[PDB]
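The form deposited without the partner chain is given below as one chain in structure tokens.
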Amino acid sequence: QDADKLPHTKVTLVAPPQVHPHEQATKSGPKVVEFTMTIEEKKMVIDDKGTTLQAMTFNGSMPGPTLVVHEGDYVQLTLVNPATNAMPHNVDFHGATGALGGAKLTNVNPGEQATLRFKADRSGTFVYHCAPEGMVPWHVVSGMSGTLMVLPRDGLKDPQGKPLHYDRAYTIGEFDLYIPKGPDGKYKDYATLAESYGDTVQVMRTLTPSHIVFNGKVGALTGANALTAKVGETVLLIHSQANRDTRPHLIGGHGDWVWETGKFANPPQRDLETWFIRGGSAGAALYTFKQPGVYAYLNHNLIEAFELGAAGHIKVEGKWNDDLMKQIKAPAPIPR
């Protein structure tokens, strides 16, 4: 026990899909790691036809940034709700024990801020999300979630206890969105956040999302914004879904080691084609690239991916390996 004896570090958060610099295995000791996050309500364009979402976010982004600590650290968050916002908010860390994830101790009306500490005594990727009483699903589906990664002190491990590592970490929040439609069957635009509410609840209750998006927008992780890697590189793909199940898949790739339930004291599974993230959870997959090219990373309900938007790209540099894959005969007429 006593956390007050311990050294402090301040961490500067970065925007998804990146994750702030951290060590995997560490020789360092339990610290009190300090973070600050600032809630921002805002309208966002979520697709290529100018449909908007009256959104709510931690730190301006969907998802919130990923916070990283080691098992044994103490997370200390200053949560700030500017008076420029319209709603109260709080925070529920699934990584934390007591007070409803910290939601009870972090209720912040606009103009307020609070500071929570909890011990990160359990390794894994864990969702955090806003949970204001009477209003939980709305705040979550409107964008208010992210990931806390608690790495084992000696870093990641395979089922045999052998070390595993990644060279690059990426963070993907998947967001099932419930955008209301007018009598004309066009999506509704709302002047304020409060005004989106009633109509939104009614779409939510149909359990049918209008949109399902990575990192805030259809196409968010495509084009200039595609993720990147090199043949030989190991990536950790962190995938959070605070409200609905999803099934990540890397087209042309695999999940070399996957913790689908996101909890690193458990052995991961290997060679996965498609894994499963349970709504209300974050999972983690390692992949070491072996072929160059553009890969698709997606929800493998293909409707949810291609029709609804749950899909991104990874652009991978390096040398083609004909042993792994070879075009023997290119497309050509069927021999007469």
Contents of the next structure:
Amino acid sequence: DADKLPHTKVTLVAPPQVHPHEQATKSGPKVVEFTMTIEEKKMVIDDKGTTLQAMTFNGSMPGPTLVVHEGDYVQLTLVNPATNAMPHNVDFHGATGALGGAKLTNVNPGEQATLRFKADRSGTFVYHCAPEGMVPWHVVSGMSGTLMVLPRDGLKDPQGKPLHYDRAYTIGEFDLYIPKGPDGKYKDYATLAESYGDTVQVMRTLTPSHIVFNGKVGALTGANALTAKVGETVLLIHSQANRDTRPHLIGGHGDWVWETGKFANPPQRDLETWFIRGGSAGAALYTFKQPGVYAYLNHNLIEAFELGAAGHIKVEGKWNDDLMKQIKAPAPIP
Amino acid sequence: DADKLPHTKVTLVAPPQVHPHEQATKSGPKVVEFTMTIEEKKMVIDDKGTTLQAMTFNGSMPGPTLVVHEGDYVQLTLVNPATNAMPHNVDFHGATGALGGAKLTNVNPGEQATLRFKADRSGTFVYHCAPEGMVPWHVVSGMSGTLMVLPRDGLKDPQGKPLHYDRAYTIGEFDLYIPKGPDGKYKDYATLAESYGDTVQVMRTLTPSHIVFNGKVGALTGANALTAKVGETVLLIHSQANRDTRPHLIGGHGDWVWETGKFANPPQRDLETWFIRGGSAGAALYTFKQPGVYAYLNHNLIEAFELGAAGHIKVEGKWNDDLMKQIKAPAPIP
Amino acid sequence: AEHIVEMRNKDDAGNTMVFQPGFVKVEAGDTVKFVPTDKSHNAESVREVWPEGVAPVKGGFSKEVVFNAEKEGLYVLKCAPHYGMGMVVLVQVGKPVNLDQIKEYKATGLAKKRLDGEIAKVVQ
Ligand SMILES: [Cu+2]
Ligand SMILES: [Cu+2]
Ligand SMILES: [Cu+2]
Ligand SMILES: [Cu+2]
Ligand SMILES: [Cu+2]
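Pass me the form deposited with the partner chain bound as well; I've looked at the form deposited without the partner chain already.
Next comes the full complex, this chain leading.
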């Protein structure tokens, strides 16, 4: 029974970072305590200075990743400041009942609620706001994130064999529907409400103005590139709460990947591109073998390069001519 | 202690926009992280193809506006790409110690550096580049913007009453000293360095060849006019890092104006024309009571119309005959 | 007389951010009083069509506020945080003198859909 078990409290961290946590653990079930605060705010979503009338869990797109183990209990305290204008709530795809939490988390501006549910199933799971009559708006505006529920003794290959990551990066892909004026310029709204009617219309076309990792074109490039080292193993956690995507690491693979994002099932190996179903989250392991810059992207290349769905992983270490060597460099033809 | 406090990254935007930001905030001190990237380049500063060998923060005159709140800390990573030819730094008028930061931010091309300071004081402050013995050259060639440090719960009138803007534009005014050949026509330089000596020769006459808002004559007109609508309260922030200017809004006023730019000091009201000291930034609030095209300018009308210190504000809404009305339109004399 | 419009988040019948009632026919000298029945909303003129030479209303946020039925004509009043969600109300003071301005006034989306509904309620 749940009232009896140890109540730990975790401090969350902004993506791509994931909060620190045991993979395998001899530890037993506990109630884990989180807190998240909804912030509505205008955000800059590209290099041209186009804005989005955004909504977010806890300041960010996506919301931070929540990490616990199978059979733990999740205790989320959800706060909606009076600085906000809207009702919000939360649907945990990892919960069971009450539209995944949504019914028991309806907070108006100035309200807050606390909700406990049981992580009976392992995997990466989406969470997003689902206020009634505005689910698709709030979600495409940035109110989604990931709940990872690790198996109790780590991640496992198809032959039951153990598997280990040295760090976990989390990526939320956000298909955005930003409107235009008659002059073909993206619109700029002076409040959130003024964004509504125009945005829903762009929604109905099913054609995003932008598609972005973690909030902006270039969110995860240059000095915000992800980092790793030859020999290191990374967990890449991809979420998409509204629309399909197809991740791919250029010059890489998914050594093991649960694209439906559920660890109970055996992962596939050696993937070039895998597939995240809209309203799902998934994860993939890669142990780096070569240094250099890698591109982690949605392998619709229009969506990637034109619309904004690509980031970089800067990787350090020792080039390795067995895997790949240049015989003759670009030289003229005989 | 600041190492402990929360950190938050802020995406900058090109003048005359001002990145999203709260006015009053219900939020504690934090460390606000900013990046700017110096860009040397040849810029066309008027409508007769005259060029300046310019130097910019983030590729704009002025450099973009940094916004924080009183009590926060500023954390600027300043990057001087190897493509540049000159060393740079930054002197923040908002900062206390080490020549405004300059001494700890000397970067040669291919270098970069990160500086923290406490923004203990509220107002609009200039920042500008200040490399030893090269100071006035760098500044007049475009190396300056504004730091705005808002008080922790918005701006206030003299009585204590809160004042609120719906939007903010930032305007940097640039006295430019561009050399002339012996034929009467302006010079064109092959490099930034080549322009140096001829240029300091002009500087010493104290006579600008041009005086421009935001980097070129007409920069803020036609398709680039600022915009507003009857009812909106805007904030006009005006920096001049080397020379006096006296801003004015035709058909308008400064409803409340901090001409010395510092918010702990009571604003003046009903101003026709106000005054910005060389090496200062100031702020004026106005609520538009009438549609029409307005001009915002340096009210030395020569400096405005001959030399380029003028812009436009285009305002929508419905006319008001109480405020003004054409009783008898131009017609012949009995 | 003094008439009470409630600032409210939902209506019994689903749809959100509403003044209740959305329309109100009153007399010269009466006062309408909009009221924080739920926190989050405010009441304030709609300047783009509000009539010539009349005390604009920009009542405070989450706070009660009163309108003075002086000059007679129609008086549109948004809630600024939610006007894009159609939170809007119409007040008739005797004759609808200025209907033609109001009809032309180019409202859009939920604002338009709801306001036009209030417009039909105009007594002529
Ligand atoms: Cu929501
Ligand atoms: Cu869902
Ligand atoms: Cu410099
Ligand atoms: Cu200075
Ligand atoms: Cu409202």
